[PDB]
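We begin with a single chain expressed as structure tokens, specifically the form solved without its partner chain.
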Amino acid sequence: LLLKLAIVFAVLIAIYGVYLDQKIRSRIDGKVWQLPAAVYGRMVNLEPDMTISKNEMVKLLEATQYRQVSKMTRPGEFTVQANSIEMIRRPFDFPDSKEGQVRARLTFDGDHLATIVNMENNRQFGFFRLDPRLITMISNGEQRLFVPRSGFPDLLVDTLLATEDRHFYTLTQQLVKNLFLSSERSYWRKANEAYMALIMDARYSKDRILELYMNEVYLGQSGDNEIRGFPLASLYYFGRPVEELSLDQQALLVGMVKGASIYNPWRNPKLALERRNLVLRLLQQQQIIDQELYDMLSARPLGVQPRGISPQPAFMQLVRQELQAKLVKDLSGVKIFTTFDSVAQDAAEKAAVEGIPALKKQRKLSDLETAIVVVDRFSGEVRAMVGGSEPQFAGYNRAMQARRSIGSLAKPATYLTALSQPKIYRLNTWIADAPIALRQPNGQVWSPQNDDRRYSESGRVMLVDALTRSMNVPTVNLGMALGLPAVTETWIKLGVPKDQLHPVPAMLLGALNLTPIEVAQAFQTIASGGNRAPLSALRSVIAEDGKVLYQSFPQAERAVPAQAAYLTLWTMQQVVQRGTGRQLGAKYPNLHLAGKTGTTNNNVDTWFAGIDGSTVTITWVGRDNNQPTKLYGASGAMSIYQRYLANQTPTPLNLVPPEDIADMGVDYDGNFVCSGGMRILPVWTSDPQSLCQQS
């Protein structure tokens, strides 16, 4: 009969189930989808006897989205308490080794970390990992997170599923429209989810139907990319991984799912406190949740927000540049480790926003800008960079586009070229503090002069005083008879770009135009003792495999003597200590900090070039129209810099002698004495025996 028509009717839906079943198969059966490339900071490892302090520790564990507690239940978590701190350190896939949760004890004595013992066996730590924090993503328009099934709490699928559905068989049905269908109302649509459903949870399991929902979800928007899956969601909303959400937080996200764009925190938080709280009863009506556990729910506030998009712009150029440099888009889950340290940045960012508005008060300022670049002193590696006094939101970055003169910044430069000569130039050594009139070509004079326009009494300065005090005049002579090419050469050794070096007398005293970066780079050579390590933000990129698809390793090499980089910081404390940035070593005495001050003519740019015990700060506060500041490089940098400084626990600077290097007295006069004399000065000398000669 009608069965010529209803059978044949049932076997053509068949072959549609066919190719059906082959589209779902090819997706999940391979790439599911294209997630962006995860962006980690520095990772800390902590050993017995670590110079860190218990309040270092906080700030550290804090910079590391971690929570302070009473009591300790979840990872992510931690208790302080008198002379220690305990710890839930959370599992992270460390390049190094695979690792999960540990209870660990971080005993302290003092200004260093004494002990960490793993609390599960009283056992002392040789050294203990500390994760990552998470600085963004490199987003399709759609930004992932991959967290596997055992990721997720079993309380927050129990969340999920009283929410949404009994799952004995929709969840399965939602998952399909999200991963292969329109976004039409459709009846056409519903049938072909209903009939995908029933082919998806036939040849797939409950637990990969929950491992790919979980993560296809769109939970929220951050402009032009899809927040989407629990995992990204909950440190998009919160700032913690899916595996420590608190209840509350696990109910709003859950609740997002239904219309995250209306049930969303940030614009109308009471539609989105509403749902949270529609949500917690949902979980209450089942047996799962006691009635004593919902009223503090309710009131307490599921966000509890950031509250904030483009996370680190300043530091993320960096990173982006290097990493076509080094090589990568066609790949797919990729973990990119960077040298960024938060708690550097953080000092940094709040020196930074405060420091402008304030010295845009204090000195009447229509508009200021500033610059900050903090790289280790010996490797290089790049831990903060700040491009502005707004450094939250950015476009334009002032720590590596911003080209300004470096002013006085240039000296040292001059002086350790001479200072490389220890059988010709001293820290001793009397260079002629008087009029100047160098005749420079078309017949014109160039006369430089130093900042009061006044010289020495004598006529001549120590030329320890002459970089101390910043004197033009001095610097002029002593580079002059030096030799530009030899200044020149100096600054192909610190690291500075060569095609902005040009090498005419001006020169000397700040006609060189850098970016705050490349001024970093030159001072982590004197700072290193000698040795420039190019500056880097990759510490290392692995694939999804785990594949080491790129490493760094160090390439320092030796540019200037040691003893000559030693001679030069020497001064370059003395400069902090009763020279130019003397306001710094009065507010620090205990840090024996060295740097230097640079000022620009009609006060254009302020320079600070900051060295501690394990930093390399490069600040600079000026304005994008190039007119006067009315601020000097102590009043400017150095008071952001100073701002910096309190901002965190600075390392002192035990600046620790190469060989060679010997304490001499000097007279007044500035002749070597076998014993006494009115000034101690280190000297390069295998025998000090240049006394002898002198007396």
Second form
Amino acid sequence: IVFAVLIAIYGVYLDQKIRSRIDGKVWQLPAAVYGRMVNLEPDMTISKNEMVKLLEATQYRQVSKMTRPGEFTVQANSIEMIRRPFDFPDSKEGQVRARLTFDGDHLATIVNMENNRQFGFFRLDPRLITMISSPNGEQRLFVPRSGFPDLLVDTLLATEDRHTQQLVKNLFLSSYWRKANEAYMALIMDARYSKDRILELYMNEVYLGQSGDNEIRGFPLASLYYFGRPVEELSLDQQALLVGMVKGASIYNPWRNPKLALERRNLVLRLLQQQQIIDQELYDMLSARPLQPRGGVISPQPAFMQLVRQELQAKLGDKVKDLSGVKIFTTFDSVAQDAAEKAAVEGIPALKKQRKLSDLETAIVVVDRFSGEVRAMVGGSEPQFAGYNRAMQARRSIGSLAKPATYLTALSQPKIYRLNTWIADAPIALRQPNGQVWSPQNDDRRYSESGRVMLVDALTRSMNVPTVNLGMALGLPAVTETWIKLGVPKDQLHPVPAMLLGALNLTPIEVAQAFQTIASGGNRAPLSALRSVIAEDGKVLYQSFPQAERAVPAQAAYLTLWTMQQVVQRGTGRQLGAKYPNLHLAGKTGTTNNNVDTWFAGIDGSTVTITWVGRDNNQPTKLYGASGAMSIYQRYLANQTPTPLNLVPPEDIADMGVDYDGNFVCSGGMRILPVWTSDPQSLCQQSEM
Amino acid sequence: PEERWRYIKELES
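Complement to the form solved without its partner chain: the form solved in complex with its partner chain:
Every chain and every other molecule in the complex is listed next, the one we just looked at coming first.
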């Protein structure tokens, strides 16, 4: 009877091996990357239709009636939704049935339907974008017993045990003799663990699919992969297939073989319809429902994830992937990204067919006007398969998009340079070392009859000759100092006269930072993709704080933005001002010699949007001016709902009237211009002639 | 029982 001692002592070693993994770190859970968290408040400038696209972009479903969470219904002037549960960083939250009611172009109320009482603010769960690739290649999403519906548990138990045996198989075993080992270790833990815990570990471990060279396993990550919704919100027809795929994940895959995978769902629906849980009253409904996502996803948002990945080890260090169950909260906006991706996908072939181009590429970057939080990033014409990210990697000449920096430097000197100061416009010839004389020309190759133009109009019209006359009067290091204050790389600045008209090679995310500093009213906000990084135990690892650094005077930035509103209404960008006049959009056009690169920096009330349009091989685009990059921005403005830019003038701003000769008038005048003054009595000094 | 099947009709409709 010595065999009874060998098996008894062996069981203690199996019990020690189970206790070590289960009581502690079970799996190396990858880091979940979520999008932005949108709070909703009374009198918020959001429409009903704008809220519908926000909800659908955050994985909500428009339905006739609401049953499970992540669902909503539209009415004449209101939306009724069930806000899904989400463990937010500030406070954990359950399901919330609420009605968002609209007056016109604003959210009037948000009322909880269970108590018929308003909310001061209402949180919206962030969209799960992707999971950060693990070394082992076992991608999962942990969900405790509480998160799984009881019908999904009944559908599982009905087709497997019907009171665990395959849990121990996938835990520590591999691929007849060790079936006794599987039977012994199953009964050891089943007796020494809870009835609820065995379903939790099983539902997160089971293999349900593949996504390239990484194993997608567990009901939670599989639900979002196969259906685009969490495990909690699975319809019984979707639960039947997800339960059915446990036996043959690869053979019952809907992408490789849809016909074979369709029969499994109906077979599992019969196993439960034959038993008590379901009857034949609804078999015809669930058997008709076909399976939704089209061809899964290997790498969602590759462009935006480059910035997230770069920023993670640059802030927290590479000592972070070792941690399990990390929660990364990004600034990503799904409405803007979806709007930008369509504008790039549809806008590129629209230009190639009209102008007869063989190839044309693009890059769009949207950031917050005041905080610099990166809201969207498109780095190519077709973001279906995107290896190269033009928004970060493609470093190109900014061209005429460099002109605002010269006028900013000038307008920061209120006592000498203003919006009515005259700049010369006659032939120029600047000698330089090595070697020929530099004779810059306007696009027109024309000069003004009077031999001068006032500052305001030179920027409005993007006049080359007066920008060189202004830029050289201030000095090249004064203009270069503004580029450093605007937040561009110092290694890219070469202070020579060519720099004044665009000899400066920046990438769209570096241009985004420059225009952001202006957009805020001269406050440089270091561009960021991360909001916070939280551990599995709720402890914060990284948390953003405001970094608004006073770069240039607020009055100088205001007048430069006021002039950029004239650029879009009557100047180089007059095309967009006629389409969207009610936004009062501020912006600037970008063109290089032979139009190798085209750009547009568009600022609205809420964001800064930089757009580049050029070829990868640095060749002439055969496109008129900045119309190439403006038409992509027009499509982005069309694809989502922009915010009107209603500029609030800072202190010491006085709207003064000037005569035809460009001098301030006491009473009246024929052209009103904002001017940086504490005492607007400059008119006395001008009128006493 | 009929209390399980009736709830499922209004949940899936």
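Note that the rigid core is defined as the largest set of C-alphas that superpose within 1.5 Å between two forms. Numbering follows the first chain given and starts at 1.
Visitor: Following superposition of the rigid core, which of 43, 634, 61, 645 is the only residue with a C-alpha displacement of 2 Å or more between these two forms?
Guide: If I go through the list carefully, the shifting residue is 634.
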